[PDB]
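J.: One letter stands for each residue in the lines below.
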Amino acid sequence: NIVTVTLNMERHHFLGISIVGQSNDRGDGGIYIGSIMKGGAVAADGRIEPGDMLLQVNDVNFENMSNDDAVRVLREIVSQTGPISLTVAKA
Amino acid sequence: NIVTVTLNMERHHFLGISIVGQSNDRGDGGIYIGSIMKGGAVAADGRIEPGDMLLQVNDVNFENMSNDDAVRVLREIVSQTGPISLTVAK
Amino acid sequence: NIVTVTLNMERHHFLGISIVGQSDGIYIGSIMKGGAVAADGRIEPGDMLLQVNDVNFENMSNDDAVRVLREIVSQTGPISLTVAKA
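Residue numbers (full-length UniProt numbering), protein chains in the order written: chain X, 248 to 338; chain F, 248 to 337; chain A, 248 to 270, 272, 277 to 338.
Any given hint could be a false lead.
Listed below are the simulated BS3-like cross-link pairs for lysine-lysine, each with C-alpha atoms no more than 30 Å apart in a straight line [what the hints assert, rightly or not]: (1) X:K337 <-> A:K285; (2) A:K337 <-> A:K285; (3) X:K285 <-> F:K337; (4) X:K337 <-> X:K285; (5) A:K337 <-> F:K285; (6) F:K337 <-> X:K337; (7) F:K285 <-> X:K337; (8) A:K337 <-> F:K337; (9) A:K285 <-> F:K337; (10) F:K337 <-> F:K285; (11) X:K285 <-> A:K285; (12) F:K285 <-> A:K285; (13) A:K337 <-> X:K337.
I should point out that these hints are in silico values taken from the structure, not numbers from a laboratory.
Use the sequences and the hints to build the structure in full.
T.: Here it is in structure tokens:
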């Protein structure tokens, strides 16, 4: 159950998501959507929901990434202009 | 959406909550209520919900506090008898 | 409120759950679609993981807990989970 969302990042500069480090029964330490804030690009799209696993955002893979690593990469990518593609596994 | 909850802590000794640190893409993190166990003091009151952000417990501010610091402070405060006041953002 | 759930592990090979270390323990972070736990429906996000098969999760660090869950899923047969509801 994989879903890829492509956000133009034109009406919003921020995704508007909080992430949390969690480990799953597949052995890795994954990144999951903690909560979705109002007024963000992710909330406007509506496909991603709390509890979904963040596998890839743009060209950066998040499958084996610590909670500390993921927060930096997301903030670094959000600071860049242009589109953001998120690949998630639905909860 | 700020809510202050005062618990008597008489029929229960534990809040019955787990807390977790969460960071967003805007730069600001915080301590959040992970889950509320059934049969606990927080669950009995019912006003606090999973996902609420923990701002203050009694006289201690939690806004810029690490997950390790927050857990010790909660255990230190919970160990005391008497009421416990939690200030959350819904 | 303790609940023990026994999964046959016939229609699915994976539980499809995330666990997280949270602290006043191991808790169910989220339940993935297409997993055995989601199909059963009794376990919910926020439940605390007390025991999975023969392994106790009450006093376990995040490092051991993910490894044990990974090893148990690799074994054939049913999986029984003991949780505290939220």
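J.: Each hint should be assessed against the structure and marked as holding or not.
T.: Comparing the hints with the structure gives:
1. With a C-alpha separation of about 6 Å, the suggested pairing of X:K337 with A:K285 holds against the 30 Å cut-off.
2. Among the hinted pairs, A:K337 with A:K285 is consistent with the structure: their alpha-carbon atoms are about 20 Å apart, no more than 30 Å.
3. Pair hint X:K285 plus F:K337 holds up; C-alpha atoms about 12 Å apart against a cutoff of 30 Å.
4. For the hint linking X:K337 to X:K285, the alpha-carbon distance of about 20 Å falls within 30 Å, and the restraint holds.
5. A hinted pair counts as satisfied when its Cα atoms are at most 30 Å apart, and A:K337 with F:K285 qualifies at roughly 6 Å.
6. Between F:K337 and X:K337, the direct Cα distance comes to roughly 24 Å. Compliance with the 30 Å bound is thereby established for this hinted pair.
7. Only pairs whose Cα atoms come within 30 Å are accepted, and F:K285 paired with X:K337 is accepted, the gap being roughly 27 Å.
8. A C-alpha spacing of about 22 Å is found between A:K337 and F:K337, which places the hinted pair at or below 30 Å, so the restraint holds.
9. At most 30 Å may separate the alpha-carbon atoms for a hinted pair to count; A:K285 and F:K337 meet this at roughly 27 Å.
10. Only pairs whose Cα atoms come within 30 Å are accepted, and F:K337 paired with F:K285 is accepted, the gap being roughly 20 Å.
11. This hinted pair checks out: X:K285 and A:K285 have alpha carbons roughly 25 Å apart, not beyond 30 Å.
12. Pair hint F:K285 plus A:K285 holds up; C-alpha atoms about 25 Å apart against a cutoff of 30 Å.
13. As the CA atoms of A:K337 and X:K337 are separated by approximately 23 Å, the hinted pair is consistent with the 30 Å bound.
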